[PDB]
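Shown next, in structure tokens, is the structure this report addresses.
It is the complex with one fewer protein chain than it really has, and the rest are unchanged in position.
Every chain is named by a letter (A, B, C, D and E) in the order it is written, and numbering of its residues begins at 1.
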């Protein structure tokens, strides 16, 4: 397309400090583009916080966000920035910078967005599950106590890509994260080959492989 | 097909109190020159985007231009108040137009002050949107009957600007042209 | 990349009138004005006129109100100029060009000017009539330089009009050739000569020939060179 | 806080007292940028002037034309407001865009005491009009020559 | 500020038919001179930034086919999708831009509809090192069901528990729109050792009666 919008990468902080995020545009005719910012809670809709112009730094704010978020622009590298003075526990969400030519215009072009959270670090652990009496039996492994997201799960290094279901990670009571992955397999090949759950964690940069057999 | 060069690439621009009307229609108008001229510093547009108006087409491409001190180029916006914004040229509300401005310090200034561009300073009332008032008669401040003489309460309304090559970064005079795209329900709607 | 084309050179008699044309292509002919500019041979240019292309209202020069008429046609995208009351002193070159100084819609000064020109057109007028050339040899004299060179030339006089196609041994000689610009004289006729210098060894060892063809009078002449 | 301007114009001291005790502005302005001291000097309500300057009103304020309260107060011919403004420390050589010095209005309206009271603290006689003229020629122009010799001798 | 609303929040329609969504405003959004509505219709698949579908409430953005349409006037409008594809599952949003600021709707969820499916339920206790860590996590797993609605309950030696089961649901399945759900129960090592028989009970339209799977600890 004729306009390219890019943003910063994913990055999270402890509460209390500030926050620096940026949005850049590139292409032909960018000088007629306003930059607006949109927020999404996990599992909810969109909200508007602010809009700005790159050249003369004209700002407009949402009725419910003045003072907590700072909007800035810089015409030299021709980008826009968002500042957070203080961080709360309720500021863990996915944010989009988006472009619209003029005021009262459709918000057509978008970036990819970046997410922010608050928690305390820990590496995961993985446990197996295999049933016993048939027809088809369901194998799986679960993983507990990891943060941030995500963990790449794998089935025989991707050799089996049917009947796979990885459960979308959901936070538990104490705020940590748990996940589980399962497949169904015919009861014929139960004791012929091994089943292995592979899990890779970038934040902990850890590779774990778990061996699954039925219980004697 | 519309002579956008004459309105944009002209030589003599009149002062703000003598702003120049430029009515324009009966063409096919190309906006790609306005898209990426790489020289306008304050391309700002309200209501209607210029990237997408190519499809639609009406009459009433009423557009005008002048030259103005740099700082107050922000003051030309609907619902915005100011000295020249209120007092020489004021947009209506519910805007649909498109403002363009750019720097011309390199040519429209001469050392020692180019005293050619003037602007009104006061007026009893406040003007209606999109109306022009030109008048050089004196202002009578108080209870003294003043006919044609200048005195302690008789003051010249029009005042001259000061333009210097080494003026402040906003003190150079910018050129401003604003377009205004509207429509009317009457037939014979020439497109563009 | 736009194309401008003009007609050919013309010859007239005093008291007549001359019409010329300019054809434009490769751009919207209804968006720019036409400019006509002349130049006398060996002298600087001088502005004939400018003409719009939509309203028909134009702007002539101050000094040429009662002699020139300007017309444009949008159908063929052409511009014609008719010059009346021509005198023998008006022999010159003309040029048509696209204007960027007076806007073709409302007529105000802008930035820029005559961007693309034509190929130029040549106009002549005189009381004389077409006449064949008068050829004349100039072989080196009896005192031709021994320790040096000699000069060979063929001279043409009373030829009407310009040009003359002159060659020496049908293009055999290509280096050291000088053809001279046409120069008027009190009789009002034409004069010209062509010269090459040769070493003293070529004096009596080879004979040379000047061929001259004058297409307007379609006259072909050939003359040998005899040392004396 | 536009009430104080019309209150000072009307010369109702109780209303200005209660309003400014309630938190009225000390520099409330109209679109023309006029000051309450200007109105008080125009109407010659000395009590309002002294009350307002007690809290520190804009003694060197200027309007759109740059008019200063000393200029208007000299124009009307009020004897004590000008000198209290002077003793507070307002500018005496102040000139608007038209370049009118207080001595110029003083000579124009034929009021003499203001001339000397300005001269007491160092009023300047180097005023330059369109022709660069000073107060001497205007003083002789006003039809009262008895002013002119005083500025001639007060130098 | 102008307020919006959408209906339905979620929808169930088979493949290859018409689907509808209705968006109502709080005040008039018509602009005086230009007689075109200042509304916008957006599509957003999971893990994707939004892609504009309809602008000016009646005009189609480049790059999408005709099978989407929008109509309405005043303060009520409706977007209709005809002859849907399996790819057409996403979240659709209505938002106006009449003046600063703009307010979106709550959201719309589309979902393909088909026959009821027989689900599968399994129960698992954890392994020894999990117990030696200090925690015990017992899992009920329920799979490949349709419709989504299926109650899940626990039972500790034929006795109830409160605030112990965490429920997780997956998204739409590409094969036959059958989903998977998990219920996880965490407890202390001793408390796990404090009881013998754990039972899991499930309720679903695919079952004539709730189905319970129970097992005794260590056997």
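We adopt the following convention: a residue touches a chain if its C-beta (ideal position, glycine included) is under 8 Å from a C-beta of that chain, and two chains touch if they have at least 3 such contacts.
J.: Considering the whole complex, which of C:79, C:103, C:153 or C:161 touches the chain not shown?
T.: C:153
J.: Of C:138, C:203, C:209 or C:221, which one is in contact with the hidden chain?
T.: Result: among the candidates, C:138 touches the missing chain.
J.: With respect to the chain omitted from the figure, which of C:27, C:47, C:54 or C:80 is a touching residue?
T.: Here the residue in touch with the unshown chain is C:47.
J.: Of C:112, C:132 or C:188, which one is in contact with the hidden chain?
T.: C:112
J.: Quick one: say which of B:11, B:80, B:81 or B:189 touches the chain that got left out.
T.: From the options B:11, B:80, B:81 or B:189, the contact with the absent chain belongs to B:11.
J.: Given the full complex, what residues of chain C touch the hidden partner chain?
T.: Its contact residues with the unshown chain are 44-47, 61-62, 95, 97, 100-101, 109, 111-120, 136-138, 140-141, 148-151, 153, 155, 157, 178-181, 183-186, 191, 193, 195, 197.
J.: Name every residue on chain B in touch with the hidden partner chain.
T.: Residue positions of chain B that touch the missing chain: 11, 106-107.
Following the convention adopted for this analysis, only the chains that are shown with their structure count from here on.
J.: How many angstrom lie between the CA centroids of chain A and chain D, rounded to a whole number?
T.: 70
J.: Based only on mean CA positions, could you tell me how far chain B sits from chain D in angstrom?
T.: Here chain B and chain D have centroids separated by 39 Å.
J.: Between chain D and chain E, what is the gap in Å from one C-alpha centre to the other?
T.: 78
J.: Give the residues of chain E that touch two or more other chains, as numbers and ranges in rising order.
T.: none
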